[PDB]
Amino acid sequence: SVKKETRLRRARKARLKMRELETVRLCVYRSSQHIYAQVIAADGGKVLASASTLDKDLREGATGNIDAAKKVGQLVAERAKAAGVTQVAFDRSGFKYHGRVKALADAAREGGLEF
Amino acid sequence: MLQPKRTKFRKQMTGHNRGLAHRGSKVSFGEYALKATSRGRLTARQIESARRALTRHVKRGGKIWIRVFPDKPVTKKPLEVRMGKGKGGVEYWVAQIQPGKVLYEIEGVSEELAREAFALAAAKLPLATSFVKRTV
Amino acid sequence: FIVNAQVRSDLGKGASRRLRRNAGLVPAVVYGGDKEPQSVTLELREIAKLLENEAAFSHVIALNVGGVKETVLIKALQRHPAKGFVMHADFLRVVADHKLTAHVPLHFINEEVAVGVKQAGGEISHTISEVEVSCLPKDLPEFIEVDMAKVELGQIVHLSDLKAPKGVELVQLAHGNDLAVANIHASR
Amino acid sequence: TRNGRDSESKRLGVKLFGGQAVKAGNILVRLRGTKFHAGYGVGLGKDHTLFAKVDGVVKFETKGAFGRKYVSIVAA
RNA sequence: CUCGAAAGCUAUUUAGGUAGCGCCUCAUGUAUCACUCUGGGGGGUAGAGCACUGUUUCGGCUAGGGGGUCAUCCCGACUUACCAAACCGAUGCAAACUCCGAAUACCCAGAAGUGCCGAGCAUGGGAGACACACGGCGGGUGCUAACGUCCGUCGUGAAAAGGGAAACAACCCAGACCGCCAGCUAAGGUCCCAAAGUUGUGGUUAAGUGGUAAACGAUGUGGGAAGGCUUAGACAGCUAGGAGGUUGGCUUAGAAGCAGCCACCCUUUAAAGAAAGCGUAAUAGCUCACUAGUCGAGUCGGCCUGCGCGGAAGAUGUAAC
RNA sequence: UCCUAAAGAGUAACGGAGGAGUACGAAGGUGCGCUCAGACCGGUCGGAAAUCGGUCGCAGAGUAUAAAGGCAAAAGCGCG
RNA sequence: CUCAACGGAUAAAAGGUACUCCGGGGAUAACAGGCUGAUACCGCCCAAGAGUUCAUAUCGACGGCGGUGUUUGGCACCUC
RNA sequence: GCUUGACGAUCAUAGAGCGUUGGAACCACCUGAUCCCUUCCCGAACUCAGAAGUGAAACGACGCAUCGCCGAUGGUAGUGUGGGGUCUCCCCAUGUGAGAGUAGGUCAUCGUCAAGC
Numbered sequence: 002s003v004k005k006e007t008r009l010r011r012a013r014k015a016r017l018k019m020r021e022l023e024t025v026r027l028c029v030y031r032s033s034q035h036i037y038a039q040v041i042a043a044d045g046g047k048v049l050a051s052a053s054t055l056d057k058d059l060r061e062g063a064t065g066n067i068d069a070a071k072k073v074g075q076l077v078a079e080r081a082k083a084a085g086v087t088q089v090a091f092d093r094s095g096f097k098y099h100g101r102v103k104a105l106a107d108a109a110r111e112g113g114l115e116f
Numbered sequence: 001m002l003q004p005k006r007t008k009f010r011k012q013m014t015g016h017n018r019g020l021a022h023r024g025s026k027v028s029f030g031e032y033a034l035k036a037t038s039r040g041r042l043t044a045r046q047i048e049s050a051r052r053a054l055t056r057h058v059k060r061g062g063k064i065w066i067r068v069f070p071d072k073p074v075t076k077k078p079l080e081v082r083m084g085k086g087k088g089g090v091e092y093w094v095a096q097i098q099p100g101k102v103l104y105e106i107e108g109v110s111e112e113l114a115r116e117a118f119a120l121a122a123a124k125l126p127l128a129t130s131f132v133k134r135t136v
Numbered sequence: 004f005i006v007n008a009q010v011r012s013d014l015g016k017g018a019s020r021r022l023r024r025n026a027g028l029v030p031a032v033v034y035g036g037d038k039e040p041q042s043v044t045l046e047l048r049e050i051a052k053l054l055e056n057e058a059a060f061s062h063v064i065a066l067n068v069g070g071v072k073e074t075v076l077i078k079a080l081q082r083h084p085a086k087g088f089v090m091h092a093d094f095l096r097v098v099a100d101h102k103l104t105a106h107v108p109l110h111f112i113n114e115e116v117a118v119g120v121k122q123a124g125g126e127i128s129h130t131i132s133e134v135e136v137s138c139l140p141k142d143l144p145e146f147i148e149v150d151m152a153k154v155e156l157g158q159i160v161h162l163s164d165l166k167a168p169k170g171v172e173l174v175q176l177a178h179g180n181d182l183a184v185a186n187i188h189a190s191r
Numbered sequence: 010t011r012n013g014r015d016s017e018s019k020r021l022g023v024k025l026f027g028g029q030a031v032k033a034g035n036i037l038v039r040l041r042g043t044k045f046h047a048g049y050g051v052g053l054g055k056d057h058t059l060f061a062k063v064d065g066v067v068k069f070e071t072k073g074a075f076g077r078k079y080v081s082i083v084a085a
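Residue numbers (the UniProt record's numbering), protein chains in the order written: chain A, 2 to 116; chain B, 1 to 136; chain C, 4 to 191; chain D, 10 to 85.
Under 10 Å between C-beta atoms, here's a sample of chain B residues computed to sit facing chain C:
hint, residue
1, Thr37
2, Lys101
3, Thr135
Covered stretches of chain C, as calculated for chain B (at least 3 residues, CB under 8 Å):
hint, stretch
4, 82-89
5, 117-128
With a cut-off of at most 27 Å between alpha-carbon atoms, the simulated BS3-like pairs for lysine-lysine come out as follows:
hint, chain 1, residue 1, chain 2, residue 2
6, A, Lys18, D, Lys68
7, D, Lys72, A, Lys18
8, B, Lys124, B, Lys63
9, C, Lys78, B, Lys133
10, B, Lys59, C, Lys121
11, B, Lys133, C, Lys52
12, A, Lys14, D, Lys78
13, A, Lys18, D, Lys62
14, C, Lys16, B, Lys26
15, B, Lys26, C, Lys78
16, A, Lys47, A, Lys97
17, C, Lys86, B, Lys63
18, A, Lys18, D, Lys55
19, A, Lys47, D, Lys62
20, A, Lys14, D, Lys68
21, B, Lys59, B, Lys124
22, D, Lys68, D, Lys55
23, A, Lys4, A, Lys97
24, B, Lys124, C, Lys86
25, D, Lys72, A, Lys5
26, D, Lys44, A, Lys18
27, C, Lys86, B, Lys26
28, C, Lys72, C, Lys102
29, C, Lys86, B, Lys133
30, D, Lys32, A, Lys18
31, A, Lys47, D, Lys72
Rather than coming from a laboratory, the hints here were simulated on the basis of the structure.
Even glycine gets a Cβ: it sits at the ideal position worked out from N, Cα and C.
All chains should be modelled from the sequences, with the hints used to inform the complete structure.
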């Protein structure tokens, strides 16, 4: 789009760095609706597990806010404690570090999920 | 006579003239043509001299195509000059032609007058040429 | 139009080059269709007498290797650049229900009675002969007539001004490239 | 108006061709601007010199969009 | 007695000197090497191509200037006789162009066999060389001149004799340890000088071609495909050939079918160029085609290719087998 | 730096073509931000063309500097 | 600082010799020879044309192809 | 099981160009800036309280083959080696062998993961 490609114009370097480097990847999604997260391990192409904001516990109605972004920080972290890495890496993915992007992120540091 | 209006470089090598003319070999614009059968070089005043023999012999009409074009520079050393003091200056221009290359073409002319016109032309040329028709 | 043909069970550069100088033969193939191509040897004496005819290329030409016979078309003949004899005739087959592109020569009939030739002094300028068409094989014409009995001094007849057998698709009108087929021009 | 003065001919090219065993420091392509790109275990030096960072054999794949000629070393 | 170079690269107050490395030899170690096959692998040359950067050539197309322009003391502009970059198609060509792209060469791995008993490598002792030549090939330069010159890559001579090329470092064959009055061959040869076929079969060539040569020129001859005219009687050779009005042109001793000026079809009816040009240089004599009775037959032009012919003149003496 | 140079390196000529004897405290690192040029058009001072507003774009731009080779995971600018 | 003669002879470097001397070279010029033939010279081929008509009695523009070694070269093969 | 997501194998037989659509999930908008901030001036950027609205534009799969893109066979050019010739060039033996052109595929083929039906 004018929207979907200009963020994939920004989602370019870390896209292909972590496949060169073979480390953990956090393929999140944000929108005006939602704030997602989903993790890929240290090989560029392995899905760990999925955890949406379409998950059973917090579909209460204010879904996808900065209130509802800190709920996601300990959410996929438990799904990545069956994985086995302490640190985890940050897909910017064209999602500028000012809102729900960091609030999923910085709530993982308390939620057993280091950066 | 016939030069390029400009060239990228003022000098070329000597080169060679091998192969056949698989391109430039069909009568592409006229009905009759003077096709070369031996290889050689045409010094751009062989081009014009045969051109003036053609246009003068028809005397009424017809369209004449010049398929050859002298494009490469040829350089001579003057007299009282030792070998190797830099490459000498350009003198004339030359088209490298192969066996089979169509030189001139004509239409609007009878087949008996075209043979008489290209025989005037071939006598001013240093080549072994032939007369050909349009094939398809 | 019938051609005799044979089997040609040896291929290559030096083999094909010694058919021409020892045996006097030409190599050829038939390939067209959804079928297997076949290498064919053929005589230079008879393929030049076929190319003598004005309708050699735009005509269904019969061919036999042995007792097998095909409705064959001459598609993209090859030629010696220096001496102009045929090498490698290169034929087609005919599957009788597709479009079978070929070249069809032109006539330019009315050149003596022309309003740019008679009253105003001008001469004709053949720009294009042998237009390439695409036509179903029963409507495969030998000729396409070009009428020049109304073209004036300066008027250009194009392929848009063209004509006949009406079941013959001209390949150049299928695209926006409309070609100029003849002129009448002032004399030099 | 005066010619002379050619340069001193830098010895570029593919050293250590594409089936050969490597050690993990070898200059693998001398190169004037990444005519070849960096595959799995190769390094891309400052003047676009490709260098092996692991052992194995060099592969020379063609991969991806843009028609990149890659140089990758597979530990085989 | 055994082995055996080099005339290269780099640097040089250096260029015919020298130094390191390459090439030679010897010694001592040590485990590689070559050729071929199969398998990996990059390439951008040859060729080709026009997609790029340039150069080409002719059909077609749009704006516009306004040449032409009815032109309104100054507007609106008829209109496209001049022209007009770019665009569509057809068509070429580049060492410093490439959408493409080999053969070979080169790098690598694995294999059989061969190696003169080693080939490869490493360290040491001794060098010599550091002006190369010509020939084939691939190019620059020159005149795609030079036994010119500068590179690449081979082979030879240098540093290799013997046989052939008449003679002829460098070309072809072949690499001489010593003896033989033995035999087989190579290049090249087999009539005599001069060793061996006046050998066999089938053709070609009459020029001493062979035994020097180009544009181009000729009913020289051999072969091969085709074509048109072909006994209802062709190409060169015989006795009928012949318009029923009134100057088809500015000229005036004298202006057809040939002057600085141009040319296509209507009859008492089976009948024909209001003309392509030597003529008693010009007018009052005469020549290429017959829709035809009569002399009666195989012809007339072109193309492909074989070997020849003129083009062909030089200085001591035949004198380019 | 390209050609010559023969598709690995290399390779000569008083052979053919051009350049350098520097720039840069940001023109570097990084963080961050961010993607060309072209024709197409809107005339009251620029009207081939600017200010740039937005429509078909189809690397043809740009790179401190010659030429070659390279680029978007930018290998140009803004700002900390 | 300055070796840009850029592997840099010394901190410090221009000439004359027809008054000349020596050691070498045909690794190299002048004369002559040889190779070659651009150049010169002489033939020839097509024939626009002039020759009052008429290309070819004479002459011939534009181009073409050869010969001679006949000189200006080019080479440095013999001869210092 | 299909719809659709989410990074990737493969890179213009996958590409551009011309219709129908999807609303529930997803997706773009939208309502507005109060509380983060984004501004070389701006909430269309982007940050978001959001879920009042909306499925055309926006994108997405899903239609349709002119064009690009692939592309035989056969020939040809080139070429390694060996030998010829009338040797600035070609031919012969032998090995190899394009480029361009010559019917036409196609609105691609794959892999893991999940919310929903």
